[PDB]
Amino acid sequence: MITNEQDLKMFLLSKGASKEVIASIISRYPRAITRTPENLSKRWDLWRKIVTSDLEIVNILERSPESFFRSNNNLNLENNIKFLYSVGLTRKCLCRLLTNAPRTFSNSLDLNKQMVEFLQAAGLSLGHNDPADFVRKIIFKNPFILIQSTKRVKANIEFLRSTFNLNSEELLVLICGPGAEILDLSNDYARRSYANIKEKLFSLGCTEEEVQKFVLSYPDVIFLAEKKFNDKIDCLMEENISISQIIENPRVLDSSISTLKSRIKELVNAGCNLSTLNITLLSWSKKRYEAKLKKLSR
């Protein structure tokens, strides 16, 4: 007769998918083979409400198969698309959500309604006439946000606000820009992350002011596990990069313990001036590092 795999191959070919991409994908997701011709075709039609071509859709399924084959809830999916569009999100935003936070659409419509309802309350109470732009800007900058609880999101905003003594305008920029991903963290973790940074930098001599600015200038520092932030700075000072230095160029903490290490062990171990070079290159790309250590030899 005809197998589960047969149906999906047929379907997928009729969408413009190479026999290879089809095989690729199929190996990666067993449960893909268990959706019906009908279900599939409705999911695809729905995805085409956002995605503009079957081609685009395909790339996605090739990088991200669970993205499509996970849920078989077309009604939920359909209502979320309707609702999200209705509150005035843009095709791009929905595409970004699709490709970054797919479970948004397998979500409960009530949940998304609740967060948008919240996001509206927030743009408002931050001195925004029409909160519509705020909501769009925040969802575009943090597409993982609709899959958070409003309690989490609500607490993290309050946390930023009072820790940092930010006003409405200052808080707004924070959460639509640098501190955006922060709202997706467990509140408790966020509260302990920053507590550790404070204790760790103070013990190195830093002031309140100096700490606030440090975290404000690169909020994603709060993501580092405590031991991993602690370990990392301990390393930078063994190589005797100065705290001031660590603080002035915060993104060096993006490198891993082993990488920055073995790179000054060639900038100072070879011959240069550590406490004068802006260690921005430290974090830099290999291709992008080698080429400056080049002009730095002479």
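We call the rigid core whatever largest set of C-alpha positions still superposes within 1.5 Å between the two forms. Residue numbers count along the first chain shown, from 1. What changes on going to the form deposited in another entry:
The chain divides into two rigid parts for the movement between the two forms; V252 belongs to the part that also contains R161. Each of the two rigid parts keeps its shape between the two forms, while the smaller one turns against the larger by 24°, per C-alpha superposition.
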Given for the second form:
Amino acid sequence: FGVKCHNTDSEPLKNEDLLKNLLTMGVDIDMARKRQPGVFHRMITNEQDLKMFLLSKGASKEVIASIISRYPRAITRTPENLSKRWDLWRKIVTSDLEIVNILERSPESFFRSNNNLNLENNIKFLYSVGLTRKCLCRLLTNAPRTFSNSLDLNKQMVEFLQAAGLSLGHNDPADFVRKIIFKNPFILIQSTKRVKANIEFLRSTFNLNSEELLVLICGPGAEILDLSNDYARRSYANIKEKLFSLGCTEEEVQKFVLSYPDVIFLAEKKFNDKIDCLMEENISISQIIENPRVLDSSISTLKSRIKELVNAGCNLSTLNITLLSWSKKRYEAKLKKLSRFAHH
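Let me have the form deposited in another entry next, following on from the form deposited in one PDB entry.
Below: the lone chain, stripped of partners and molecules.
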């Protein structure tokens, strides 16, 4: 500055004209403005060029507008910047098409940042962690936000997971980490706060030794680290109480969960109802806890399966109820073999 002022007089509004039009010629303008209002109060939008870019990568005009719908801000970013970022993805992705499939799945990922520097940092950091192009690909598809993450953030998660494995005397923490990321691609987009808590859950809940704990966290209990605040704690408490209500043991319950931790992902009501319905048909509580995977089956199949079995002149306290959580093929297979067998 250094000269003078403005206008001071009732002035006509001046908006980005081409915007509204070009958009409607493809996109759901209503939804966008719901999500990213400020984009529309913006002038000089690079919407136009954007389209041609995506088009050059072989993207259906349909899906293109679908992307702007859920993430209006895509318009904001220049084609020259997008080109590099795209190429960075190419490292791990190998294919222009997969990137497309991932964008039409979660647009945020690619567009929530223009920082390609940091994006390069992230990629070369994740390789330095010992990851195969195959694995980073796994990450990129499932948890694309991971690379939109600040390098400091990603570095913090890793350092945390290392310190953790380390603190249990893991002879190779960076590898401990490697395993987790394989069993749980969405690990890098979770707060250390969350994970730390969820780990402390596993710790106190189960009474294992350092080694058993380590193996768990890598193995079956990896997914448990994504769980929401106090969800795991609640979900388990529910299980514990239901089983305890049936005369079980603190240690009986632990094995049951540890032998099949996916039970935590069941809705508290889904679980209770499944157990109750098995109980209804006089199926020993012990039969269940020693065949936890029978709780895979929807109560619907689980129920009919039973009735079918019973009617086929069978004895549910005698038989091997793994049958219930079997393929429609394999189940029907043993069923006839049985109805025929009990048919003598």
